[PDB]
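What follows is a single chain, given as structure tokens, in the form deposited without the ligand.
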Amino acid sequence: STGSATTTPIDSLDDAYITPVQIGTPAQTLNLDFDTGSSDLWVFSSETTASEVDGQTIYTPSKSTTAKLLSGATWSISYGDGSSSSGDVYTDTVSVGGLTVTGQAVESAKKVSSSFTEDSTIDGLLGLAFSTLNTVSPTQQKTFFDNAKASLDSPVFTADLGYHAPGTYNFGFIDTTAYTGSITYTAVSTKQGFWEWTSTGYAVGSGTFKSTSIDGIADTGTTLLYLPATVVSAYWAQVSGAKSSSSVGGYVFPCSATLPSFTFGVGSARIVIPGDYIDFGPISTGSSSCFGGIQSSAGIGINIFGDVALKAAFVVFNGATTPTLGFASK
């Protein structure tokens, strides 16, 4: 089998992407944030504290003839950005882009943190990291991909995120029309539960390529590109007036600037992030200070190839017995 679904930016900055997902019988369609950096499929629901729901579409398990309470199971998650959610668990039928999994763990939120409430466009998350990170207790549950994998034509999914435009998540096949040149594959460590890999270096604008190993994760659920402070300083040094602002929480730059591109290495291959992808707009409405899309990972504890990086590529998440990651230009 295969599946193919369009993923759409939630706003004009590409702060996140939402993908429609069918849950239950009859289908209840919720727009979920596909997150290769976590491993829980959780939704706003009829069980979510009413004051914490503000415009989201909710899953109502009592209206699904295929929903079953997973007795005794609870979940609780905290994300790197400080947001969190928790609740109980149902199993139900879940379909993405025509690909159906029966008995998928659908984690129903009883509580969500303010950042979730405040984002009306995101009805939940669909985790696509390794199932070892799934938070369900006392019986850990599998991701949608893990459940689908054996049925797929090939045990892969691909992320093709758009810049200020929709893109595509495919399951079970590689669309050879969706990228240019060849796909370069690179090794993955699953030891921390992430799609963790090592970039071979970087360049800033038309500058020379610096060969250096940068371990990090391919994370569709993180907006920005978080890299070591040395790398980030070298980038922003090429933007007149750019500075790290402790009060704002990262590098800012004059909105009148033209940003240079940023290149990262995948083996001997190179992915170029155009400068415009690195602009996250005014820090507050009407400001002439703009927020940068490349930020330091210092104090996160890990480098993160988030959407800023991934949207410059066609990315293969290869879930073969030994997983790997593939990147192509597009």
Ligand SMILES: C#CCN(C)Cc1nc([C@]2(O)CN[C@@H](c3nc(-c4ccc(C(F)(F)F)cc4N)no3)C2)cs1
Contents of the next structure:
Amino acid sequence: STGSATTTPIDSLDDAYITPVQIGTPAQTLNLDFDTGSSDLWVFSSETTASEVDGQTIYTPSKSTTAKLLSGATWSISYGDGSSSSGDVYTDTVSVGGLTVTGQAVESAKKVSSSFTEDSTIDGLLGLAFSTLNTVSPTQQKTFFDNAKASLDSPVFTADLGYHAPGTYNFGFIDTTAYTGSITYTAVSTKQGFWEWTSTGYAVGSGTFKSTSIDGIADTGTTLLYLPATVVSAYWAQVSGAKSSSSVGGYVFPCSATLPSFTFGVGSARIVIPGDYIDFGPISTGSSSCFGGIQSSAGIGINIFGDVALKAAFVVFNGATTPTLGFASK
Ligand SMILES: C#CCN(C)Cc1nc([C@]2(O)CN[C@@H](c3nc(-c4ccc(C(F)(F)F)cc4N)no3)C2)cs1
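Same protein, different condition: the form deposited without the ligand was shown, now please give the form deposited with the ligand bound.
Next comes the full complex, and the chain you just saw is listed first.
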């Protein structure tokens, strides 16, 4: 089998991408944030505290003839930004772009933190990291991809995120029309449950390439590109007036600037992020200070190839017996 679904930016900055997901019978379509950096499929639901729902579409398991309570199962998750959610668990039929998993664990939120409430466009998350990170207790659950993998034509999914435009998540096949040149595959460590790999270095703008190993994760659920402070400083040093602001929480730059590109290495290949992809716009409405799309990972403990990096590429998440990641230009 295969599936293919369009993913759409939630706003003009590409802060996140939402993909329609069919849950239950008859289908209840919710727009979920596909997150290769986590492993829970959770949704706003008829069980979510009413004051914490503000415009999201909710999953109502009592209206699904295929929903079954996963008795005694609870979940609770906290994300890198400090947001969180928790609740109980149903199993139900879940379909993405024509690909159907029966008995998928659908984690129904009883509580969500303020940042989720405040984002009326995100109805929940669909985790695509390794199932070892799934938070369901006492019986850990598998991700949608893990459940679908054996049925797929090929045990892969691909992320083709758009820049200020929709893109595509495909399951079970590689669309050879969706990229230029070749896909360079690189080794993955699953030891932390992430799609963790080592970039071979970087370049800023038209500068020469600096060979240096950068261990990080391919994370569609993170907006920005988080890299070591040395690399990030070398980038922003090329932008007049750019500086790290403790009050804002990262590097800012004058909105009047044109930004240089940023290249990252995948083996001997190179992915070039155009400068415009690094511009996240005014820090507040009407400000002439703009937020940078490349930020330091120093406080995180891991480098994160988030959407800023991934949307410059066609990315293969290869879930073969030995997982690998593939990157192609597009
Ligand atoms: C600190 C620290 C060390 N490590 C935990 C950092 C890491 N962190 C992660 C993710 O937790 C997993 N992938 C990312 C993700 N973020 C979201 C997300 C989406 C929407 C909203 C909002 F605004 F609507 F509330 C909040 C989110 N947090 N979805 O995925 C972040 C992987 S490594």
